[PDB]
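> Chain by chain, the residues:
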Amino acid sequence: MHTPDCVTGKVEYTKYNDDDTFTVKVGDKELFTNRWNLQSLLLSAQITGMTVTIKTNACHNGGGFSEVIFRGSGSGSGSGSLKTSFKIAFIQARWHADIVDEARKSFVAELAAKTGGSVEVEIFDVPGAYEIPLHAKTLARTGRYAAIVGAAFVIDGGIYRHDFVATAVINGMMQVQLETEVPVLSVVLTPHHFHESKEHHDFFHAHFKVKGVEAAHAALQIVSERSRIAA
Amino acid sequence: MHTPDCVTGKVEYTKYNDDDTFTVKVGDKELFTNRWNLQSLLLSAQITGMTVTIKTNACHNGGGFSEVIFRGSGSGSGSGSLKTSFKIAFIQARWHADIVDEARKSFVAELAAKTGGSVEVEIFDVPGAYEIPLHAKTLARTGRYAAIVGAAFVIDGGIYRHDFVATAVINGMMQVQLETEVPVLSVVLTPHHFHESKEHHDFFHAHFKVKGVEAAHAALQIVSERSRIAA
Amino acid sequence: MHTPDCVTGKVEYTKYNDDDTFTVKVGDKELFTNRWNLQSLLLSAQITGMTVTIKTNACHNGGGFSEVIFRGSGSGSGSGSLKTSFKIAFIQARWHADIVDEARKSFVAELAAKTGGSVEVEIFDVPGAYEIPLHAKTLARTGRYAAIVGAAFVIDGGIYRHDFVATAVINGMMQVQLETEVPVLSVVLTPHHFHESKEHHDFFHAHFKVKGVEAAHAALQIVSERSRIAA
Amino acid sequence: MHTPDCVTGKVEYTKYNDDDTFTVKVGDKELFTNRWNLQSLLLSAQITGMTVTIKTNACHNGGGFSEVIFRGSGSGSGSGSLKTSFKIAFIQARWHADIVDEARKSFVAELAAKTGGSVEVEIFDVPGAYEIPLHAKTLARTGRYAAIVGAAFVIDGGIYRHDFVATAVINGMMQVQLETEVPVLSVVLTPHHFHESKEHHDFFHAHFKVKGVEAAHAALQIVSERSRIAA
Amino acid sequence: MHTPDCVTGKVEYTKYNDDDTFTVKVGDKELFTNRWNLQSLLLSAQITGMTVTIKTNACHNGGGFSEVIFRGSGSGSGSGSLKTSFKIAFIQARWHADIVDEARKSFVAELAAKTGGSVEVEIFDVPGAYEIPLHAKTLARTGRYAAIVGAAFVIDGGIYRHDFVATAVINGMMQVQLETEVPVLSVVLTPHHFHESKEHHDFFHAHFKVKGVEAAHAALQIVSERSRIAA
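Protein chains in written order, with the authors' numbering: chain F, 1 to 231; chain J, 1 to 231; chain I, 1 to 231; chain H, 1 to 231; chain G, 1 to 231.
Heads up, some of the hints might be wrong.
Now the stretches of chain J that chain F is said to cover, found in silico as 3 or more residues with beta-carbon under 8 Å [said to hold, decoys possible]: (1) 115 to 128; (2) 135 to 142.
According to the in silico footprint, chain G covers these stretches of chain H (three or more CB under 8 Å from chain G) [said to hold, decoys possible]: (3) 4 to 10; (4) 55 to 63; (5) 177 to 187; (6) 190 to 202.
Calculated from the structure, these hints are not laboratory results. Using N, Cα and C, we set each Cβ at its ideal position, and we do this for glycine too.
All chains, full assembly: derive it from the sequences and hints.
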């Protein structure tokens, strides 16, 4: 009931001691309980990934407790302060890096101008576009990010067919988005023609800035809309 | 058994007290029970998302009870009154908004004319068509909606290939439809040619009204058919 | 052990009474038991969707029992008598209804001629082809049907691209078929050219009869083959 | 422990008797135990599909036991003797049967010549290529087969588009392969042109023999490789 | 608590003895415990695939124990020493083997030159590209590999359409990647034109070396990046 909180977070593990006591590690402190039903409750919570809150006056490793709060506290991964202070993960392929960097710089500059520094952008590098969905899924499952942006330049090199990889990447990004319930913005673009001539390079080098600005606006709007409909 | 109902709804959490009593939060009131088997029953119901109905004369927080109704009551999310009074969620992209707004207005006007105000339409904005499947999935899991409509105008801009995004959006909408068992109507249209000329603008501006009317009729018919086959 | 059966079917709900007794609703009658281990057994069976059979002399609501048959009895949904007497669900879109009706009539007539009335066909209407996979999934999960047939006419109208919807519908029908282990026959056809001229109308109006006869033969053959390999 | 084995196999069902004893059906014999913890153990094993081995001197229905081996024994479905003596399931569509039969005969003859009769081939008929993935999935879950081969001839008839069905069939075969962990060989072929002329018929009639020989070699190689990497 | 470790690993099976004792096989030694709650704990850990560590002075089969470590130890499959010493699995199809061998040799030579022998490459053979996703899924689930590379040469033979198989293979590789959380590099290439002439053979024979070097660099970079973001 009424007792100051000591630890709050997902159960790392549930241990059984020699004295028929249930030792459960919550947060940075290990605590043990002597209630037999609490053993099954903590085991089920750990199995189902349900967080518990243990409040006791002995906030130390190995301390005893008898009152457990099973109310929602995050159930594991989770982060975020206020509503306009969050983080965004930017994943960029390293093929045609001089063009993707334009979009990245435009995105970062526009976010800084709009939010005034309340939104933080983290940059991650991958070899190619095929590596983006798995990296996005790995980053999304840790919480810590309100949105994820993937940037790549997939072109037809004139030797091998390129549509298979682009289709797979787009489908995988959509699948990760639906799986993790975390928005994923797509800046993976496939031009109709790119013959690596001087004229082609300048055009897309200039256009990726506009693409980055559009992506920044879209990310801000979608995060705000999700926050609003989340009541 | 025979006892006036106090609370009815999904179990928010199941708490263990110091006196070996099981505190379960159902509805807006917290109640506790002293039956050891009821502890396991409530834990399993919460784990499997099975709703319970607790009836007692002490309809207040912390009250005691011994009789629990495990009959179906919604199992969490759920809404809807009668059969012709429901709600529809309309999701519209903001690219080429002047054309999509025609379909939205036609849809709303036709629904108002047909149902006479019994059906309510709620409008949600997303940056682009790529953001529609996740928004639809998020809205579907809350109940509260008998159908979901997604409207977008995906065109070929003459610079980048556009079929990947359209394919991903259609496939994702179908996947969400199959996952959540909630109908999703598609007003995501891809014209053969759109060169942003004056002639092209007027034609589709006019055609989206017909598209919206067709979507309204389809939504009404599909909701009625699902209600009928649900016995 | 040896006791005449009273109720056989899936457990609707498991109720705990004030006298530490487990009340379980099987079939149309509610019964209660006083075995503590039977409480956990029935709870697990309801959680895992495992049917139980309760045989007792008190075949009435609220009666007591002690012997439970946990042998396979259907595990919920299930229907079917003999091997040549089953039911088929026919789902038809309402776009170009005058052509789809030809296939439906041919299918019904051929089934009546072949089986002699042992096979029953039920007709369900949907607005368009996009609504077919969800309706098929909903109908398949109730048992009651040995096969499902979906009929639609998806054409290129000359304004919007149509391949996305056709691909989504075919993939969704395949996914539902693999998910529910119920055969789904496809009569969703996309012609190379259809310009709504008089010549085009008559040709497909005539061809859909042959398509329906072929679908009827295929459905009969596949149902017989599945029955045979099911040992 | 040390006791001669009586029955070994998956638990068909777990029954509770009137004398607080747990009756479990393993293999062709029904046996009961009086250990309360064994009741929960057997219930969990049946729920999770974990096989148990019951050894007792009373190898008869209704006999008692107290020692249970929970070591891996198959967990349900499973078959196979030695490493070069297995079975293969051949699924053939009945469209253009005169061409598919060439591949089937070539496959069977090559397998007989190579293995000398150690490998057995079973033939299953389906109406069309659309029926292959579900049949393959149904056959795979029974064990009893080290590989599955699907043969069909999908052509463009000049009236309706055919790529949707071929794409769905190939994707479904891959999905079943990944789901059931059973190799599925593809002999579903789509020619560039087939106008049902005399010249076209002979060419593919001759080529399907080579296709069948290639499929036989591939099946043998893949089964051997999986056996090798399975340690 | 404080006791030297004896066995650490996933629970192979949980056995119940005649003396109401729970025998659990961890690692290469079998041990039994007399704690009733430990029986349920070990059963749940085996069901959920949660590893346990048993530390006792009787490090032998059939020994007794009372203290169990439930802390994370691998939960089953898992391998890897340091951060620059890992293993890579190379899967190569046997169609056009003389071209794929160039990529394999280039990959191995570049890895040996870069890592100096700290990274080990294992080569697995499959009949065709269609067999790659299942082999990759089987190899990934055993741990033991930080990345998987699939190499194949899918060409248009001029008789049958080839895009279905390539699309299925790429999609399946992406699906396995997302399922198993193990990176999968794609060296499955489809040229625009390959007419088996002398000129075509030499060009791709030379280009596959560059492809292999690129794949080696990409694999090293992605493994390092995943290790870095794993904190």
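> Identify every previously stated hint that the structure contradicts and give their numbers, smallest first.
Result: hints 3 and 4 break, sorted rising.
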